[PDB]
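**Q** So you can see what is in the structure, the chains are spelled out below.
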Amino acid sequence: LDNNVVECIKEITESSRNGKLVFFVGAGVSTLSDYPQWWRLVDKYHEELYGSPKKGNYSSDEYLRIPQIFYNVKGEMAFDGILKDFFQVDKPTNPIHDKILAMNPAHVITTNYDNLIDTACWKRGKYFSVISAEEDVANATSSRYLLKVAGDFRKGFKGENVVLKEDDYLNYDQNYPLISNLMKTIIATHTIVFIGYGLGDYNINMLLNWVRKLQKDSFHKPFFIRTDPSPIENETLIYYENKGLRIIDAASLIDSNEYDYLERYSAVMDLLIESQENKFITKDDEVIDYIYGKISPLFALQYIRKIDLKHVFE
Amino acid sequence: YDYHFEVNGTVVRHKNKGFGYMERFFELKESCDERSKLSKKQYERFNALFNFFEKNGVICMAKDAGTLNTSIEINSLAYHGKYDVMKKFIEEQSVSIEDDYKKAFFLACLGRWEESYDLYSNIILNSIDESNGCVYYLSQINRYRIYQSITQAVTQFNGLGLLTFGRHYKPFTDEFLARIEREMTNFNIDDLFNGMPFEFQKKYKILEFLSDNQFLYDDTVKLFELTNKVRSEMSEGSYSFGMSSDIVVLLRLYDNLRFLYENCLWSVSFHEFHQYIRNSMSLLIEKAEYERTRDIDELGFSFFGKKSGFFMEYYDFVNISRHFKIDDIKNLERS
Amino acid sequence: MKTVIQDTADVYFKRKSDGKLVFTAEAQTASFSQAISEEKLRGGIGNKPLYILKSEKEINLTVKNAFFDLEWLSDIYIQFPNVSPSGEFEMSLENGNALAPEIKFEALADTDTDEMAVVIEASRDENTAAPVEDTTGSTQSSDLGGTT
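Chains as they are written, first to last, in the deposited numbering: chain B, 22 to 335; chain A, 336 to 670; chain C, 1 to 73, 189 to 263.
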C-alpha cells in the first residue's frame, strides 16, 4: 500500500474516535441504491420542450439550462409534476450507507435530495436531526445534524424546496443564508471526507474556491474518495492536493472493472472500517506505542484499579 | 427532585424552594369549592391530572397521612396468561402504531420471535410522523432485547440439550440469523438515550434506565434493604412499626411489575428480572416464617397483641409460578 | 376479636435538666421506624454460688421524622466529662375502644452518631436512636387505657 494512504487512514481513524468526523455524501452513494440520476430527469424535460430526445449528449454542459427553460416557458406546476413522476419512489439502502454510519460521524452533510440517508439512520438508531430548509436551522433538536444543502422533498414534491434549476445556484447564497453558514462552520470544526462526487463537481469547486479565501494553515484538509474507474494521473493529483483536498484514489488500491462502482466504494470504506478493528498493526514498536498512548496519562494517578483498565483498552 | 415521592402513595417536600406546587394540588382535590374557581381551560387539564394521579396511586401529601391499604392491579393480558385473547388480538388487523407495539410484545410472549423482530421493525420505520417519539425509543429497546433473546437460543437448540427432544435443530433459519446480525452490529445500546432529542431527554427522562445492559442495578442495590431485615430478625427482638422494610420490598416489587408489563417491555423475560422477583419474594416468605414463630415478648405486649401477617393472594402466586424454578421453591419449603 | 389495628404512634421526648427534672419544654418526634429492641438477659442471683457471666437487660429504640427540635421552643471543643440530661419518653397509641397503652420510658440517653451521605442531606428522614438508662429504679411502664 502507499506511503500517504497509510497516513490518511490513520488520520481519519484518529478523528472518528475523537468524534470529529463528517461525511459529505454525494450523488454516487445514492446511485448505488439505484435512485434516478438527474440526466434521466433532464432528458425528460428535453423530451417535452422539443419533442425529441437529445442525440448530441450535452457537451460543454448546456444541461445547466434545460430545466430553467422548461420552468420559464411552461408552468411551475408543469415542472413540479415531472419531479413527482420520478422521485416519489422507494429504493433500498446500499451497504455503503451502513459504512458511513459505522464510522460514527458527528454530522452528515449531503447534496442529495432523497430521504435515503434519513431512513438509514432511523433504522440504525443513531438519531440525526434533519435540516433541509432555512426554518429548521433554528429549530434543530439535537447536537447532531443531517444537512441537506440542496434541499429535500419532505415538505412537498415541488421545485421550490430543492435546488435544481439554474437560478437556484445563482440565487443561492441569498435564498439560503443560514445553511451555507452552517455548512462552512461544520467544515472548520471537523474532518471532512467526501464520498461520491467527482473532481469537477459544482459542489466541490464551489468549496475549493471558498477555501482559497482562508489563511495558510487555518483549516484541515478535506479527504476525497475518488472512485472513478480509471486511475488518477499524477498531475491531477498534484493540483488538487495543493488546492486543499487530499484524494484517496480507489483505482490505485484495487483493480476492478470499468463498471464495478459498488466494489470500489466497498473497497475504500471497508479499508476504513477495518482499520478501526486494526488488523494493520505489525511491528514491535507499533505494539509499544499503542499501549503507551493509553497508559501514559495514568502516571499522574497513583494506583489504578485493575478493572478500570477494561474501560481503557475499549 | 423537588418532591420525594414515596411508594405508599405519599409526597414529601424534598428540594422545593419556592411555592409548593404539590401542596396546592392536593388541596384542589380535597376542597371541591376551591376547585370551582379556575378557568375553563385549566379545568379540563385538572381532569387529566386527577385521572393520572389516581391510576398511578399518588394519593396525598404526607402531612395528613391518610390511612392507606392500597392494592395492586396489573392491566395486561400477558401477565395473567390469557394466551387465547392475545392470539385473537394478533389476528385483529391493527389501526394504530401504539397497537402494533402491543402485538410485538404479545408475539414475543408467544415465542414468535421472528414476527416480533419484523413487526418492531415496521414500527421503527413507521414512527417518523409522530410527535412524542416514545414508540421510537421503546421499540429500539425491545428489538435489541428480542435480538438478544434469539442469540441465546441459537446456543441452546444447538448446545447443551440439543440431542433428540423434537425439533432438535434450530427454529431460526440461516437467512434470518444473518439478516439480524448484520443489522445489529454497532447498535450501541448506551447511545440510544443520548441520540434522541433534548426534548425527549427532558419530557421523557425516566426511560433513561431502560437503555442500559446493567438495568435494574439500581433496584438490586436497593433490595439490599434485605440486610435491614436480616438485621431485625438477627437482633431477634426488633419490632419494626408502620411501613416497615418488608412492605417497602413488596410495594417496590409491585411497582416494577406493573411498569414493565403495562408498558409492554420485553426485559420482563430476562433472567435479571426473574432473580429480582426471586430474591424479593423469598425474603418476604422468610419474614413471614420468622414472625409466625417469634418468641412472644415479655414487654412488647403494649404494642404486640397480634400481627395480621403476610398472607398470599393471586398476584403473589403468579409471581412465584412464573419466576421460580422447582429448585427455588424447594429452598423456601426447606426453610 | 377486638379491633387491634394499631401499628404506628407518636412519641414524646420530654425534658429534664442537668441535675433536675423540669419537664416544661418538650422535643417530641413523629412516627418511629421504631426498631424497639429488648435484648433482655437479666439474671437471678444465686445464694451460695456466684457467677460473672453475661446477665443484664437493655432496651434500644429509634425514631423517624423528628421535629420541634430548635431552642426547645463558640467553644468548639469536646470534653470527656458530660453532665447532659436524659429526656423521659411517652408513646401515645390509638385505634381502640380503650385508650392508649401509653408506654412511658423513665430515663433515656441519646446515642446517635452522625453520618455523611453522598447524595444530599444525609437522609430523606433522620433518625435518633435512644437507649434506656437505670440506676436504682424502674425502666418502663404501661399505662393501659381502660375507659374512653
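It is possible that part of the hints are untrue.
[What the hints assert, rightly or not] DEER-style ranges, computed between Cβ atoms:
| # | chain 1 | residue 1 | chain 2 | residue 2 | range |
| --- | --- | --- | --- | --- | --- |
| 1 | C | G261 | A | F594 | 27 to 35 Å |
| 2 | B | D291 | A | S602 | 28 to 36 Å |
| 3 | A | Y504 | B | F320 | 54 to 62 Å |
| 4 | A | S602 | B | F320 | 36 to 44 Å |
| 5 | A | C367 | C | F67 | 26 to 34 Å |
| 6 | C | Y192 | B | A321 | 51 to 59 Å |
| 7 | B | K327 | C | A244 | 51 to 59 Å |
[Claimed, not checked] The following residues of chain C were derived to be distant from chain A, with all beta-carbon distances above 10 Å:
| # | residue |
| --- | --- |
| 8 | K16 |
| 9 | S31 |
| 10 | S33 |
| 11 | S37 |
| 12 | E38 |
| 13 | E39 |
| 14 | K40 |
| 15 | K48 |
| 16 | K54 |
| 17 | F68 |
| 18 | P200 |
| 19 | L208 |
| 20 | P216 |
| 21 | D240 |
| 22 | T251 |
| 23 | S257 |
These aren't lab readings, by the way, just hints derived from the structure by calculation. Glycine residues also receive a C-beta, built at the ideal position from the N, C-alpha and C atoms.
**Q** The structure should be examined with respect to each hint, and the outcome stated for every one.
**A** Here is how each hint holds up against the structure:
Between C/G261 and A/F594, the C-beta spacing of about 49 Å breaks the proposed range 27 to 35 Å. Under the hint 28 to 36 Å, the C-beta atoms of B/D291 and A/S602, about 35 Å apart, fit the expected range. The given range of 54 to 62 Å is respected by A/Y504 and B/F320, whose C-beta atoms sit roughly 55 Å from each other. The beta-carbon spacing between A/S602 and B/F320, approximately 42 Å, falls within the hinted interval of 36 to 44 Å.
One distance hint, 26 to 34 Å for the beta-carbon pair A/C367 and C/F67, holds here, with the actual separation near 31 Å. Between C/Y192 and B/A321 the C-beta distance comes to about 39 Å, which lies outside the given range of 51 to 59 Å. For B/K327 paired with C/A244, a C-beta distance near 39 Å fails the hint of 51 to 59 Å. At roughly 23 Å from the closest C-beta of chain A, the C-beta of C/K16 stays outside 10 Å, upholding its exclusion from the interface.
Not every C-beta of chain A lies more than 10 Å from that of C/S31, the closest at about 6 Å, which undercuts listing it as non-interface. With a least beta-carbon separation of about 7 Å from chain A, C/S33 fails to lie farther than 10 Å from that chain, contradicting its non-interface assignment. Not every Cβ of chain A is farther than 10 Å from the Cβ of C/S37; the closest lies at roughly 5 Å, contradicting the non-interface assignment. A Cβ of chain A approaches the Cβ of C/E38 within 10 Å, the least distance being about 5 Å, so the stated non-interface status is violated.
In this structure C/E39 is not separated from chain A by more than 10 Å, as the shortest Cβ-Cβ distance comes to only about 6 Å. The claim that C/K40 lies off the interface is violated: its Cβ sits roughly 7 Å from the closest Cβ of chain A, which falls inside the 10 Å cut-off. A cut-off of 10 Å between C-beta atoms confirms that C/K48 is not in contact with chain A; the least separation is 28 Å. Residue-level check passed: C/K54 sits 15 Å from the nearest beta carbon of chain A, beyond 10 Å.
The claim that C/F68 is not at the interface with chain A holds, since no C-beta of that chain comes within 10 Å of its own (minimum 15 Å). Residue placement check: C/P200 keeps its beta carbon more than 10 Å from all beta carbons of chain A (closest about 25 Å). For C/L208, the condition that its CB be more than 10 Å from all CB atoms of chain A is violated, with the nearest at approximately 7 Å. Remark: the non-interface label on C/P216 conflicts with the geometry, its nearest Cβ contact in chain A lying 4 Å away (cut-off 10 Å).
For C/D240, the shortest C-beta to C-beta distance to chain A comes to about 8 Å, within the 10 Å cut-off, and the non-interface label is violated. Listed as a non-interface residue, C/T251 keeps its Cβ farther than 10 Å from every Cβ of chain A; the least gap is roughly 20 Å. With a cut of 10 Å on Cβ distances, C/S257 falls inside the contact zone with chain A, its closest approach being about 5 Å.
Of the numbered hints given earlier, the model fails hints 1, 6, 7, 9, 10, 11, 12, 13, 14, 19, 20, 21 and 23; all others are met.
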